[PDB]
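Next up: just one chain, as structure tokens, the form solved without the ligand.
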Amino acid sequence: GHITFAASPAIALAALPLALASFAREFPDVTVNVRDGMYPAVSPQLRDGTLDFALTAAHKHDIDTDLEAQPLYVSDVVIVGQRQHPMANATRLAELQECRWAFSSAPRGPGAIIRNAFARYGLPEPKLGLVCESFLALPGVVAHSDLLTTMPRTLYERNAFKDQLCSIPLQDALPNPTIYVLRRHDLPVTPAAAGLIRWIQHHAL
């Protein structure tokens, strides 16, 4: 009667608090253990049963065979800088090509989202200003610098420095990651876990 799971920052900030409230009404007897986790770091923990499931970005084709992937949603990735950044009003990635970036976490390694974005539009590599694996730390770091970064729209909307940040109004396309429910496919689902996932799905809409 316990559920142990990991959640992405976007989910942890909006869907999760509402989902745990609704879930606790329906299953008042189940104790939840929630933690951060991103793929591929969660993979060993999913494999060995220490996590029941992880809600995380990943890429369909790049997930260990042991795991199934129920896609929930495509995240909304935004580019974020300090509010009066010289590139605040930029609409094309080429206009950003000389900025320094805070490379943020992603399944394929820090900055993978912006590097992939720059690559797909025929640009050279984005310039590395620093690596910030902590989504907790990221908004305050960017607010106190002229670094740009990428983050989930949910983090951009819900962080303690929101009054000191902007989102770049891009007309170019960012490779949005798909958020999955990741879990051993040989693990039957309990109605408790399944219901918690439905609630998270419901409130992330």
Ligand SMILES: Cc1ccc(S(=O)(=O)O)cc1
Given for the second form:
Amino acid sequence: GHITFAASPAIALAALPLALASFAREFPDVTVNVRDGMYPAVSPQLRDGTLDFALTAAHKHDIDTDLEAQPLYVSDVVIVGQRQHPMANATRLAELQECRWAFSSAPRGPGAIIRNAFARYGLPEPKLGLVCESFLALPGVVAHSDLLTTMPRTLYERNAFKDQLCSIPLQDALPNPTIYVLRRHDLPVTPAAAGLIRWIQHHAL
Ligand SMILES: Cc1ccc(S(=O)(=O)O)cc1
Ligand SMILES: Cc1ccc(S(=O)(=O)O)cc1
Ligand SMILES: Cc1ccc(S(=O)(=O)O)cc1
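Can you now output the form solved in complex with the ligand? The one shown was the form solved without the ligand.
Let us now look at the entire complex, which starts with that chain.
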């Protein structure tokens, strides 16, 4: 009666605590073990059965045949910079094209969201200022620099540096990844795991 799973940062910050509280009421005899995990790194842990499932951004098409991918929702990606950033008031990606970026993690590699965003608008590649794979470190790094970055809106709202950050009110499109449940399709879904996932969906809305 154990559930071991991984959760992505957006999930970890809002949905997870509320979900675990609702779930402990409904299934009080289940022991939960939760860890950090993003796609692709969770893939072999799901594959070998160390994780029962993982809640993470991913793209349907990159995902091994072993895994099924139940979409839960679409992420809300924001561009974030220190509060007085020269580009704080920008509305178009072309206006950011000379800024330096903290490339943050994403399923297709560090900085993949903003590189793809710039590409889709026929812009040149965004300038690399630094690679920061740690969503825990990222808000404080951006707050102490003039680097821009992308992050889920939940992390922008829930970090200890939020009074020193701003979100860029972009009117151009950003390629928001979809948040999936990832699990071996050959693994039957226990009532408890299904219950916990439904709670994370319910609270993440
Ligand atoms: C770009 C991006 C990175 C990570 C996530 S998260 O997996 O929801 O925390 C969503 C969107
Ligand atoms: C925290 C931090 C990280 C990186 C830089 S920068 O490379 O000069 O933009 C400045 C400050
Ligand atoms: C509405 C909405 C959906 C998703 C997110 S996010 O998970 O923080 O990217 C924030 C807000």
